[PDB]
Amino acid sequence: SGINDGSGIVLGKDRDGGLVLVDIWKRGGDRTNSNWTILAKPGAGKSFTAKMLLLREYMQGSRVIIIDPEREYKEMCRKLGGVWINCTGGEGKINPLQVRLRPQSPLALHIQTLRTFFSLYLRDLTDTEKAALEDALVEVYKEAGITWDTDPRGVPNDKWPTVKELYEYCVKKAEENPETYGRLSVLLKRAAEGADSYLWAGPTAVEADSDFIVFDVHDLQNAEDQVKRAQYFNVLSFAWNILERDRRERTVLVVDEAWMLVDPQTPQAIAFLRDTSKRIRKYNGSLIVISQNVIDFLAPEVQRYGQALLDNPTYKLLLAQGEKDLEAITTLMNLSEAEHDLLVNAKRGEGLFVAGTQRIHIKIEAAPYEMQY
């Protein structure tokens, strides 16, 4: 049907070969936010399209922040002179316990964030254990000299406690409290000293202050699920903090392979993403969710958050879909049989573009000069 805003960026071509041009910062009528949902099976063209969209928004002055488990955004980041953070290497160490603003006591809020972090990493923790874990975090902070009034802004990266201190506190308290701190301590040990210590046991090494930032969490794709999720959450909470502290307009936050964040037993992580999708409007930024495995967002435990997360954004790009994903999407977004079929037989980079209540056939393609990236 054609979509052409005043100005904006070129997305691609419509069915009649005419230019689709979108201003994602528009407000008015059915343009209520600047968020995107990009969904498709692997190989469909998600990362290509997102690269185009991101490059063109960057060139118009948007800061870009990406969480990238695929290592799809490294080369772009290099071409643009942005900061590439390797989160599995020592230089990309992000300390979960370093207090940061979530989407009032900074410490109390951060402890609310840490409950989700540790529920993701340590699944199936008794309620006593959760209470005691929070007590332990409070005491470890207190020993590091940080209390309920302390402003995070002032504290140097190395003054924060780490999971090492938390582990040792729990072990010490497990002497006179073996029953409520025992298995807890043994579970923290893997992160403090064991095979996951390289992730979090040490001070934050990154000062990511740049208009193009990529958080590469690729070296985790063979890691266990709870590690994947806990680190994805930790990085997402850090990146959100970046957008909130130094708060220029039109910052685009990209969560690639967002399904990795979904956990039926800790739906709060996805709820955190949802909250991000709402609060980001307050800084005139954009949350872009990119993903396969759409059904993971629609499972009973998380659907309250997953549905809004996928469906509330003003802009959507649906490429070729997996069979289940296609049915769940067809239902969720009330696709017509024409639209459904469109998806069924869509070539790479082709599909449905949604802008508010407008939905049209689109084909995305790159200028030659955009190939370098």
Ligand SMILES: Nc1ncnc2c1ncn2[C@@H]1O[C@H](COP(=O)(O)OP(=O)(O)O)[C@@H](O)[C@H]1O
Second form
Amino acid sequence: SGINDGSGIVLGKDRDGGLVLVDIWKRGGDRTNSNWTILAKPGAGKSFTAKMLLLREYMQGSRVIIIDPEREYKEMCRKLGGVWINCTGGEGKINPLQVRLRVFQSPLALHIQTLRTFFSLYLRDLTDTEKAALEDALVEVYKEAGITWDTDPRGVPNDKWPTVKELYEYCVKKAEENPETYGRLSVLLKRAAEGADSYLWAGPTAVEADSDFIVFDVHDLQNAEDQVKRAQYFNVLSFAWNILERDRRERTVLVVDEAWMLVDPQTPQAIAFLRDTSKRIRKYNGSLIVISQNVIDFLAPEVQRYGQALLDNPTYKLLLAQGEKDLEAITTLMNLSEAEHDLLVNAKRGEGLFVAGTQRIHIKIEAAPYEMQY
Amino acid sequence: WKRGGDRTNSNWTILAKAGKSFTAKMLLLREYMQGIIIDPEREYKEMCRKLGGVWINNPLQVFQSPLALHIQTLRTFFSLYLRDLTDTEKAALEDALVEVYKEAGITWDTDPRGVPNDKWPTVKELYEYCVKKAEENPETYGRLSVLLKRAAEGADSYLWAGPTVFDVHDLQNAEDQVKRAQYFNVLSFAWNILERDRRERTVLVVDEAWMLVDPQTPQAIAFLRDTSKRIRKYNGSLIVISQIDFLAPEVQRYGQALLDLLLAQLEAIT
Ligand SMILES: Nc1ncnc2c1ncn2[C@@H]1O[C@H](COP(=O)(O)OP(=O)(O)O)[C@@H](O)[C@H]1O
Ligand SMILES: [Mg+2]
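Please supply the corresponding structure for the form solved in complex with ligand ADP (the preceding block corresponds to the form deposited without ligand ADP).
Now the full complex is given, and it begins with the chain already shown.
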């Protein structure tokens, strides 16, 4: 039906053949944030459209950060000289116990809660006594490394942080006097310290991640256990978010792809973390783009308080062809008309509904031939 | 004392502007003759003595870790006493608790049934701990120490800084946070009495309960409701007597379940 801001980027075409031109940095009326939700079944053109939009923003000066479970952004990253991070290779190790930047608030306390979320995703049946023994072992393992409550993360070198190894070893030592509080905790933690999952976390953060185009590839976890997927994705999202605070460049775009992977009904704090990120990022004048299939996953009773805001709050939305369950979930959530329902029903590749504030239109996405090399 | 049908619990709620203390004490002597009161107004001192029972005028005294949950009740006692505590300061305090305990040689796996009231650490050692921590962590510990001073070796230290009708009246004109705090503590110690000796059919009166209402720490109230549900689980009776404080938006979730005899009043209870 037509959406043309004076300037910005061209996203695709009208139903009448007119260019849809959108400036996602606008503020005013129904443009309250710069955030996107991109929802569709596999193969509908989600990653492609994202790549086109990111390319066009990057060209204008946006730094771009991407979490990439499908390995869809590697090539584009090469073409732009970006930093490509192999989060499963030793060279891409991201230490979860590396405290992340935030009247006065203790960086350490903040990061201990983050870890509650992190260790709940990875260890799913942790009792309340273990939770707090773990939070205690955490602070203690920090102390022994010379980091304390006032300590400023910005000044600490990557290798001074403790790892899950020290945490696991402290838990074993404690198990002696406390076999019942720590016993089962220590053993579960071994897997991450020395065992099958240690390649991910048992060492210092390997990378700086200073570039205007970063991608965290987590592709090598596609066949790993769910809890490993989820715990690594959350660690990576937390590391990635820290980059915006660490050096608050404006118009940064943070892209979390296949975001459904983060959903854990028993630990909705991970999606809350995502929800909070979309809120905070407005302050830094950036953009959170959430890309996903499996929409209903967000809308589950345990996570829906969080998921629902995550997906419906963003000023810009792109809905392409949907899975049957997902389409009914979306039609209800975003009050799609009947026309808008059917549009997405027979929607062809790269075609669907584009939302900007309260403006919703039929759109067909298409990239210029000179861009295709990306 | 009944059960079944419409008789689910043995709780009471006496509300009014009216003689709730009279009525309460009479029926108390009454249920008694067939055989634990928090009294901030000395309304049972004389009666308690006429019964010749016992009248008396350490919060740090404590699979599931006895320590790990006494740590939570503790975080409430402390939110009540220190009103402007930051999340960081709260966490700092909690950790301090754990460490002060470790130095007293009590851990996560320790049976609290084996520690003399003397072996427990007190608020003094928590203060000394924090003062020490505050040298390297002033941002996180400085104010927490400056604030714990009056409770360790200052104007409140008499209340807690030693190894441990419950008369509260001596704090009737103190700061409301202090009185709210002690009320909370005594309430803890009493509930402990009645979760240590399962002498059934016990009544625990909470006189003027609104004193334990802090819109910013509705936890003390949550604890009230908890005690009210638990006591049934030990075949007993909680009695809350009070003169809207319980129905306020931030406490109501607790105070509605809690508050559900009516004397002179009103609009809210109608
Ligand atoms: N608008 C488009 N024009 C041309 N090719 C497209 C378009 N959208 C997607 N494709 C291609 O079709 C395939 C599916 O798109 P993709 O974004 O990977 O799907 P998904 O929705 O699963 O992320 C990709 O190989 C991509 O190159
Ligand atoms: Mg995709």
